[PDB]
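J.: What follows is each chain in one-letter form.
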Amino acid sequence: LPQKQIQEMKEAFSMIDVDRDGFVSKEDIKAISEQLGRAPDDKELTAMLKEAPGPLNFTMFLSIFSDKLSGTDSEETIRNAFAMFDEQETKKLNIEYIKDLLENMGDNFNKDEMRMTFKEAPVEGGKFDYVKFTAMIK
Amino acid sequence: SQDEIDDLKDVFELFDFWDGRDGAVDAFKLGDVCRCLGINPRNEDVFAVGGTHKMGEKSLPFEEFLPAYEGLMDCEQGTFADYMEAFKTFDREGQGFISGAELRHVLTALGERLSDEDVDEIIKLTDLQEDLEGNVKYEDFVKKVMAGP
Amino acid sequence: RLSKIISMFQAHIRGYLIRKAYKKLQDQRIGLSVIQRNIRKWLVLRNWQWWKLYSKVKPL
Ligand SMILES: [Ca+2]
Ligand SMILES: [Ca+2]
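Respectively, the protein sequence lines represent chains A, B and C. So the first sequence is residues 1 to 138, counted in my numbering. So the second sequence is residues 1 to 149, counted in my numbering. So the third sequence is residues 1 to 60, counted in my numbering.
Simulated from the structure, these hints should not be mistaken for lab results. One should not assume that every hint holds.
[What the hints assert, rightly or not] Using 20 angstroms as the maximum straight-line C-alpha spacing, the simulated SDA-like pairs for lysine to any residue come out as follows:
| # | chain 1 | residue 1 | chain 2 | residue 2 |
| --- | --- | --- | --- | --- |
| 1 | A | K99 | B | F17 |
| 2 | A | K132 | A | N104 |
| 3 | B | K137 | B | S99 |
| 4 | C | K20 | B | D120 |
| 5 | B | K88 | B | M73 |
| 6 | C | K4 | B | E13 |
| 7 | C | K58 | A | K43 |
| 8 | A | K43 | A | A31 |
| 9 | A | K138 | C | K4 |
| 10 | C | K24 | B | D10 |
| 11 | A | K10 | A | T59 |
| 12 | A | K119 | C | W51 |
| 13 | C | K24 | B | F80 |
| 14 | A | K4 | A | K68 |
| 15 | C | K23 | B | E13 |
| 16 | A | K138 | A | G125 |
| 17 | C | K52 | A | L62 |
| 18 | B | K58 | B | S99 |
| 19 | A | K68 | C | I39 |
| 20 | C | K41 | A | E75 |
| 21 | C | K41 | A | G71 |
| 22 | C | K41 | C | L25 |
| 23 | A | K10 | C | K56 |
| 24 | C | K23 | B | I123 |
| 25 | B | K29 | B | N43 |
| 26 | B | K29 | C | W51 |
| 27 | C | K56 | C | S33 |
| 28 | A | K132 | A | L45 |
| 29 | B | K124 | B | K88 |
| 30 | A | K26 | A | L62 |
| 31 | A | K10 | A | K68 |
| 32 | B | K88 | B | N43 |
| 33 | C | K58 | A | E11 |
| 34 | C | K41 | A | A121 |
| 35 | A | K43 | A | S25 |
| 36 | A | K138 | A | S25 |
| 37 | A | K68 | A | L45 |
| 38 | C | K56 | A | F13 |
| 39 | C | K52 | A | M9 |
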């Protein structure tokens, strides 16, 4: 929902849209993607706009982006949920504690989810900063 | 059994999770599963079969927990009388005191010994207001331990 | 007889510390399931091409 982001994602909608017709057309996604880095292809690019029946109006852009971001638990829940393991309130968690947790208990992570989860994670001094990782995840 | 079949169900998904939720819990934790349900054993659960020194060997599904709970359920739990004639023994002096030292020696040196770290912890909350003499009151300790947590 | 009674006391004691930890194992399941649900939610995002596209335009 948040207005802050309605106000940002409309700005982003202005660049993705290259030809100004007001609808993200496939040829714009290619054009901005060439203009940013290595483009996706057709397999992909066709498939992106086949996630929105009907014309990619700015309003359809908002929709799909929030019928995908809207599931997720909020900020303070994904942190109260890590502090359960952090009994002394040091707002960090030992890297092999959290890895043992995530990898082996509950609905275990597999080695790849594992590898991806810690590719960009906060670690320093053997400590995993979950207030930061949570901001990032979120 | 319908002591609580739908409650063993719950205690079991809970320990199922903590060793990977895949519909099965390690037989090493079968003991501990039954404790969350209101029962107390050891020698006994090893006979309804559970890992005898290890995490890793067998892992049991729901249907296989169901008779092991049944079989433990009417096993042997002691009483207040037992606890207090047992704890008399160590009362040299006749006022209901067993010293500090004497109490965690008779809990870790005997019976079905408890680790010297399970005995710092049971003394958490309970209160175990030790005397100046370093004596405790074994009656209290018996009562408090007895009142569940 | 005395050591058979000491074992049942040890059995009460053992039962006391599990029902205690029960309460804190019950929550940590929800905390652990929330932690894993939402990291799983994120790993998805970043592999979905509209998000990847947005993240590139997000400095420009
Ligand atoms: Ca356009
Ligand atoms: Ca399991």
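J.: Regarding the pair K41/C and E75/A, is the alpha-carbon distance no greater than 20 angstroms?
T.: holds (14 angstroms)
J.: Taken at face value, is the distance from the CA of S99/B to the CA of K58/B at most 20 angstroms?
T.: violated (42 angstroms)
J.: Measure nothing beyond the straight line between the CA atoms of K58/C and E11/A; if it is 20 angstroms or shorter, mark the hint as holding.
T.: holds (10 angstroms)
J.: Can you confirm whether the C-alpha distance between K4/A and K68/A stays at or below 20 angstroms?
T.: Distance ~18 angstroms between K4/A and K68/A Cα, so the pair holds.
J.: Holds or violated: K24/C with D10/B, Cα cutoff 20 angstroms?
T.: Distance of about 15 angstroms is within 20 angstroms: holds.
J.: Going straight from one Cα to the other, do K43/A and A31/A come out at no more than 20 angstroms?
T.: It holds: about 16 angstroms lies between the C-alpha atoms, which stays within 20 angstroms.
J.: Is the straight-line distance between the alpha-carbon of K29/B and that of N43/B 20 angstroms or less?
T.: Holds. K29/B to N43/B sits at ~14 angstroms (cutoff 20 angstroms).
J.: So if I understand the rule, the pair passes when the alpha-carbon distance is 20 angstroms or less; does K52/C with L62/A pass?
T.: The given pair, whose Cα atoms are some 15 angstroms apart, holds under the 20 angstroms limit.
J.: Is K23/C within 20 angstroms of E13/B, Cα to Cα?
T.: holds (14 angstroms)
J.: Does the structure keep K138/A and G125/A at a Cα separation of 20 angstroms or less?
T.: violated (24 angstroms)
J.: Is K41/C close enough to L25/C, meaning Cα to Cα at most 20 angstroms?
T.: violated (24 angstroms)
J.: Between the alpha carbons of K29/B and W51/C, is the straight-line distance 20 angstroms or under?
T.: Not OK: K29/B and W51/C at ~44 angstroms, beyond 20 angstroms, violated.
In this structure, the earlier hints numbered 2, 5, 6, 7, 9, 13, 16, 18, 22, 26, 27, 28, 29, 32, 36 are contradicted, and the remaining ones agree with it.
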